[PDB]
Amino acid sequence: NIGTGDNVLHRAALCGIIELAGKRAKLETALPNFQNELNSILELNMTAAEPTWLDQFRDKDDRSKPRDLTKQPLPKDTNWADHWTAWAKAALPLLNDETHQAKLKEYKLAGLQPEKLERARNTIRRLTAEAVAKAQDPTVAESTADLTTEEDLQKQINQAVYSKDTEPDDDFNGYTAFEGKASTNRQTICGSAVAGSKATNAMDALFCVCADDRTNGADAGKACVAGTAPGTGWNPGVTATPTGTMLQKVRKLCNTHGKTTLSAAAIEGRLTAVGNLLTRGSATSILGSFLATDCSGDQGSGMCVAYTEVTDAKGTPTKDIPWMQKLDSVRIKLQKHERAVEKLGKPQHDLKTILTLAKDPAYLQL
């Protein structure tokens, strides 16, 4: 008969899921950003150009004024179109003369014989082209699209665990177990060899596997604990829906006091842990200790939860069990993100080196 500690293995696997919820999942990565460097290189290119070129960006009416594209349109073969928005962004601070003087000495390029400036201007244009050729590689924006945020991943984890965007408090305010569809008795709520459960998320599955009730409190109700039962007082025959005080007495079995560095292989190992413990039967798969008939909490029956999406003839948990599929989505986004962050580090290092050399007057006069 199912007694004390007989569900420690299933509790450990499920708690590996519950501990990821809340704000406890951390991305802990460096968003690669080379836009400031690029915008500065482009400013250096415009700062070092000939005034004739910058005068193409002034307004014919007023000097320190953006060229009104409606007033002075662009030529035909000019190809200046579409590059104007990037150029004007670099030219807008330099339309003022005082700033242009300031940027000249900031970039350490003011006060040189024309030949020296000619030499520096040529390399900077070449350098600026190399920086643009990398920043505009179609691999970028591809990787940038595959970037996620810590908050988007946290919301998905809390949806897979609680079906909410945030982890409920210790009273589970704004939370109702089993979507409010618990009905008759624990076997109807938690499932059987012929029927699925009413638990759609991870937390309610954990309650089906670990909660004690008024009947098993001295035997099967200690399957996830050691010396003292959870003491939920759950009486599903009378009141089916567990109250928040009961849910918290089961969640406290899981580590809700730490943090986890979000890795894709970390999610994979936790989902694999849960999925491999499902025992595949003719009509359902069972997670937890099961002896006979159903998941009623009876010490001769089972302390478990049942799913109809996975059987000994079909089903992959991370694809067909909804809450597991949601967490597998988080793993997939973590993968795309980790590959994107890595791929965007190469142009970031290149553009930093371009900017560093462009501000070395010695390297420019070689």
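We call the rigid core whatever largest set of C-alpha positions still superposes within 1.5 Å between the two forms. Positions refer to the first chain, counted from 1. What changes on going to the form deposited in another entry:
Residue displacement note: residue 265 has its CA displaced by under 2 Å between these two forms (rigid core superposed). In a rigid-core overlay of the protein, residue 329 has its C-alpha displaced by under 2 Å between these two forms.
This chain moves as two rigid pieces, and the smaller piece turns through 12° between these two forms.
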The other form holds:
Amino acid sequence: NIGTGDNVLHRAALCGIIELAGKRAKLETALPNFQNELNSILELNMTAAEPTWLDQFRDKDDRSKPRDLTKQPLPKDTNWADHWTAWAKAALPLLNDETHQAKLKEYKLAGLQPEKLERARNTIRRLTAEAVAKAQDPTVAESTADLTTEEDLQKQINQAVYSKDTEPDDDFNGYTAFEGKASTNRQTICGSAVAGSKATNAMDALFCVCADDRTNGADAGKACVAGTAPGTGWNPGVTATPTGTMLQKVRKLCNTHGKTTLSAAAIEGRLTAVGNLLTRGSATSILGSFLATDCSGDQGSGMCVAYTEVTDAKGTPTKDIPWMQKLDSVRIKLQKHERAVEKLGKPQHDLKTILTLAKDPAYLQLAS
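The block above covers the form deposited in one PDB entry; next, return the form deposited in another entry.
Next up is only this chain, free of partner chains and other molecules.
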């Protein structure tokens, strides 16, 4: 018969899912940024530019004011409209003569004799064009479009575990187990060798696997515990849908107190553990201790949940069981993000190198 501790294996596998919910899934390697370094290179270039170039960014009546493009439209014989926003952003702090003179001294361009200034200008313009071409690589905007946020991932994990965007509180306010469709008895709710369960998410599957009820508390209801049964008082023959207090006494078997540094491999290993504990029969696959007939919670039957989507002839969990598919989506999005962070590293490092060379007065003369 099924007794104390018999479902420890399944509980561990399901809790490895549950623990990733709430706001515990953390995205560490995050937005690798190079825009400040690029902006610094662009502003160095504008500072080094001839004063008649900076003058194009000034209002005709007030030298300290940025040019208005209705007041002074850009010349049509130029590609200036294609670059004006970035140029004007570089020029704005420089419209102040005190800020500009400071930047010239800071970048070591002050006092440079004309020929030496020309050669410094040439190297800076070359390095700036190189910085733009590295920062504007297509696999940069692509990589950028592949990055997600801790937020988006957290919401999708909560969907697979709770069919909700946020984890329900300790009383499970707003939550209704089994999507409101629980009826009749435990085996109708949790499934059998011939019928699928009503559990569409990870939390309700854990409830089928681990909840005691009013008849098994002294026996099979201890499958996931050691000392005492969860004590739900679940009476599915009278009130099929369990209460939030009932659900929380099962959730507290899992670690909802820590955090997990998300990783596609972490998600994979957890999904694989659940998926391969599925016992494939002719009509259903069963997760949990199972002796005979159905997942009624009786010590002679089963403490388990059943799925019709995978069998000994068809189905793969991360594609055909909806809640495991949704969690596989998080792994997929984590992989893309992880590769992007790696790809966005090269421009970042190269732009730092360029900014260092642009501030080396000796190099500016050599590379000219």
